[PDB]
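Please work from the sequences and hints to get the whole structure.
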Amino acid sequence: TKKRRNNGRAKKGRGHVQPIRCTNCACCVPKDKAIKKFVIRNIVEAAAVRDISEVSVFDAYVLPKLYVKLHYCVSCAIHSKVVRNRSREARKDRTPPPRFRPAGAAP
Amino acid sequence: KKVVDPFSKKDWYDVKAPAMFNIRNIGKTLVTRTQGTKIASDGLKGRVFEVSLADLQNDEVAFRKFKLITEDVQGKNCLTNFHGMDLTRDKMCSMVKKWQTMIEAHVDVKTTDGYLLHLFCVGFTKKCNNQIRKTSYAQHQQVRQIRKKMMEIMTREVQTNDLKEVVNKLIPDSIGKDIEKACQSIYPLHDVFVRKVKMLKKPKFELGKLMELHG
Amino acid sequence: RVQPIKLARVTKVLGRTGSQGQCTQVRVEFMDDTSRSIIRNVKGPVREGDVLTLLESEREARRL
Amino acid sequence: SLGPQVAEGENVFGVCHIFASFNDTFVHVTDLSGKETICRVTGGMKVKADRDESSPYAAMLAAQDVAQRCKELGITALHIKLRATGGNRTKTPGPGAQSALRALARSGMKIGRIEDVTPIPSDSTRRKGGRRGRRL
RNA sequence: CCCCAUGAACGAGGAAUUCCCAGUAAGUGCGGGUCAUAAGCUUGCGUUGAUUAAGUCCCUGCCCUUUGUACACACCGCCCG
RNA sequence: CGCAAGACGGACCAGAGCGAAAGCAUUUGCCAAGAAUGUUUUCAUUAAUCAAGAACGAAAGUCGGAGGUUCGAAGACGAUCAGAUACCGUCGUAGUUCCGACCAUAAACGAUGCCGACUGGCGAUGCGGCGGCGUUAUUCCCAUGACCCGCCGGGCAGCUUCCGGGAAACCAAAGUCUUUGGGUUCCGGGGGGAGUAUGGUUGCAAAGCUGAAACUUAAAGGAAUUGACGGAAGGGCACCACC
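Residue numbers (the authors' numbering), protein chains in the order written: chain a, 2 to 108; chain B, 19 to 233; chain c, 5 to 68; chain O, 16 to 151.
If you are wondering where the hints come from, they were derived from the structure by calculation, not from laboratory data.
There may be inaccurate statements among the hints.
Reference excerpt, derived from the structure (chain a facing chain B, CB under 7 angstroms, subset only) [as the list claims (entries may be wrong)]:
| no. | residue |
| --- | --- |
| 1 | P65 |
| 2 | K66 |
| 3 | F101 |
C-beta atoms are modelled at their ideal positions from N, C-alpha and C, and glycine is treated no differently.
Right, here's the structure in full:
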């Protein structure tokens, strides 16, 4: 019995789209299907900047970021709890959320 | 069998930047002691160092980089010339946001001194405040006319003027602003930079201009 | 590259980690200079006001 | 040993260049041109077990053996280009890449700018080994 | 049961594994049951009396949601040449 | 640091577009083409849907070249296992790519014929038109332009709804079906035997289309409900569990 009215993930008006390769299995999944998560993070990290700020010349400077847009196939994104089975009811919610924006004092 | 640790043999040169930049003492670099069987200037001469325009100017030029290539050597001094401007990675990655149109135009053009350049520009549509569509794409018509405008300027702005004025130009970012003026009549746009410049063909030699620029 | 030894005093007991449940979270007032304050993981039984002897003195953990 | 110059202020400059993948970590200073090396050493050489090739602690040890000869030959300071396997490979940083940077800054050399240089490709050449994914 | 004699292995226990938070673990004797006789047992009792978590769900076990299931004599279940 | 080859067009990129469907993301030019809209243009029934016939048709495969970068159906290797011809590592094949022919099939799924009308709320978005003594952007005012708000078409959809449907899951079409009748086309009549035998046909080949029976058997199957159980996710609780 059909589970998601969206089937896989959003197509509707196509019949085709190029496939991407999972960033973990190196699998293969249509781009319409496939969990995608952006990933922006500082070159340095948590602790470093203090030795990174002290050891550097330059008066401040002020840190690059690495930017990487991830793709996972279903099994990887589940496996690693990027996404987690939600009850017959919760599945319907596209939305997104948490309560503060975890950036240093989160979990 | 123990032998010839090599630094204890190597010699130092002070990398010198062109005049349009500001301060000009880039740093230092090591080559092997010249032996008749060798030209330390040989292993020295087409080297290219990439320095941040911020170190080069002193600033807001955090993003932006210049490639400086060693064009000749004079006793512990090595006089470099413009070789390129790119952006880095972080900056470029940071502009590229969903829900907005990314517009790129590039043109290849010969300068007043011969140099052949391929020179890129970039821009992104902007939502304007009392918008309440969340996205803010542009129409295909728009981008085609915007690109033409970017291209016309870039050829117009490089044809007249030598490698130095392009340089003098790219520092205060006058192209950027000019694009902004020619395009707002057509569609919003947030960001906008000539984002890269690629040296394609070099003219022949001439120490004359090089020194004019250094010295 | 390095060595020193650091005295730190327990400000607030956070809770317990380790899946076994045998490491206690701690917050430390930096003893030699109060204008510092960091999170460290413990082996033993720890209670407010008693003192750690930090080797690493950066680091600052979390789970595990 | 030696030194480009006495300079009770500014520091002689080279390039730091760290490739962090998983299963190893390369640290690497070279002359700002790149053409000429100076002291390499990986996170491999300073531990034995293959499994531990890439661990941050090894990485530390390596950045320490590197910073040594760096400040032992002439470089007083260094600008860094951190990298991942790249290509169609993972595109995320390996574990002892951070550790190496903390180790050299802590060591007491000087830092200047940063960019990432992993090779990202206007995508293609099909990624390795096949459609159904590494199954495991 | 005693008396003598003969005076063994065992000089710290691998794979594994039980049980336990305060009079508790452990040492230590006693009494009751069996009983004519017969305690290395069980079954309490006082005596001497610590080390050690003070918690958590990792392993294990069981119940808690959510979820999947061709199962329902219910995974010790229902399978291919 | 340069250069060569072949591959491919990332980020931007969406419950977003177009195309009959299969399918389709670099720039620019040429070539014809396709829908929507606007339209007090033109014709006067031109029209709906279809045996037979026919166009297109992802992938693999096949014919001959180009080409083989990348990865790799087979093989040979290293591990793992009681066994491992596998998964896992490595080497690596036809092949992937491209041209001219074949081939006609994919859970080619929206698993939902096509065409017409009628029955219900709200807000998005691609696009066209229309309206505003609304905003912002300019010159001396402009013509600009992008927006905000509303209106109307026709897109792909979504959301919420005891209309109504359905066995339910669900469904604004799967509604207007016992109160069973708008047009037309196709396929099915328990499950296995079987897309099998056999004849015809198409194909170079691999195979494709049409398509039985004898016999076999009382359930095959669907949906929802609930446990049991999981080397699925959050859960807990106990020294018969750990610490």
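Review point. Does the CB of a:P65 sit less than 7 angstroms away from some CB of chain B?
Key: holds (4 angstroms)
**Study point:** Closest C-beta approach of a:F101 to chain B relative to 7 angstroms, hint status
**Key:** Since the shortest Cβ distance to chain B is 23 angstroms, the answer is violated.
Check your understanding: Close enough to count: is the Cβ of a:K66 nearer than 7 angstroms to one in chain B?
Key -> holds (4 angstroms)
Hint 3 from the list above is the single one not met by this structure.
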